[PDB]
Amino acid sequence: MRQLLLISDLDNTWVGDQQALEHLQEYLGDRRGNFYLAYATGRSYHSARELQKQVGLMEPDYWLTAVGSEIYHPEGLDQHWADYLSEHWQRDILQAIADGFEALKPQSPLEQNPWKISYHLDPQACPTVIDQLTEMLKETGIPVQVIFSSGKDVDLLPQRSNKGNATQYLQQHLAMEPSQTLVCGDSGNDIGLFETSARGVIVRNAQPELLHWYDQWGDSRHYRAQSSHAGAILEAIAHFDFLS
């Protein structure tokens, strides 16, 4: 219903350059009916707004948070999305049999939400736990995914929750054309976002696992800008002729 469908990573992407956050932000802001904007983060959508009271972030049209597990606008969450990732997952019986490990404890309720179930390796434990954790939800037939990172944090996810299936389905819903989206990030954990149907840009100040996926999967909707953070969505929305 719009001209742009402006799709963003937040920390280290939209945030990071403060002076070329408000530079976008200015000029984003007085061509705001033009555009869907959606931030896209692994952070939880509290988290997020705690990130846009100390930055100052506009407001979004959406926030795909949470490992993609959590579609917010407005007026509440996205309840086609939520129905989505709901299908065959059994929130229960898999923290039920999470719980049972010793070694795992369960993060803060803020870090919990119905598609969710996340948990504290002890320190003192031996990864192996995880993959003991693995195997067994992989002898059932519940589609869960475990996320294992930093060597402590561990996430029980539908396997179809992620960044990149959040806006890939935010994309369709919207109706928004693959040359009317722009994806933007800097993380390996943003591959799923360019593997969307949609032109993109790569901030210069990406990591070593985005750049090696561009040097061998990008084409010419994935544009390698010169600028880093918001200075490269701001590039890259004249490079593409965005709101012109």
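Positions refer to the first chain, counted from 1. Here, rigid core means the biggest group of C-alpha atoms that superpose within 1.5 Å across both forms. Compared with the form deposited in another entry:
Relative to the superposed rigid core, the position of the CA of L174 differs between these two forms by less than 2 Å.
Return the structure block for the form deposited in another entry; the form deposited in one PDB entry was the one displayed.
Here you get just the chain by itself.
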């Protein structure tokens, strides 16, 4: 029903360069009816909302928050997505395992939710510890996923979650094709978006994990932008000739 499904992360992607953000929102504001907009952020809904007030984020159609662990529709939280993410999820067990790693420190309570267990990796600790955590957690047989971004943030989510799986769920809900979709990201918590078959753009200021990911899995649907922050989205839109 629209020609584009724009999905983007906020911090360091849409947000970061105020001028680029404003001229991106200026362009989009002249063709608002031609696209669905969804923010796929690692922030909680309340936190994303607070960011909107600070930088003046244009009202999106959907909010895919906490790395896609929660989906907000114009009319409210998606309870189907929640129940779907709840099947076979054993938060307490996974948390007990992760809490036992000396190199991991729990992130603040407000960063946690029923489908998201987050920690910070010690800056002095060896990153291979994430690999050990991942192997240990998966051997529990509990459908879990490990997200590592900015060499510091660790997120434990159900396998069914991901900014990418939430995206595919949204595409199906909106009857939008991958070819009509554009995902934008900067870090390891956006890899799930690029695993999707949608067109994607990696901001110039992308984190090391994402750049390394691109080097190995990058395909022709993946565009590595020269512009950083919001500028990369305008650039990608021109590249894939979207909003023709």
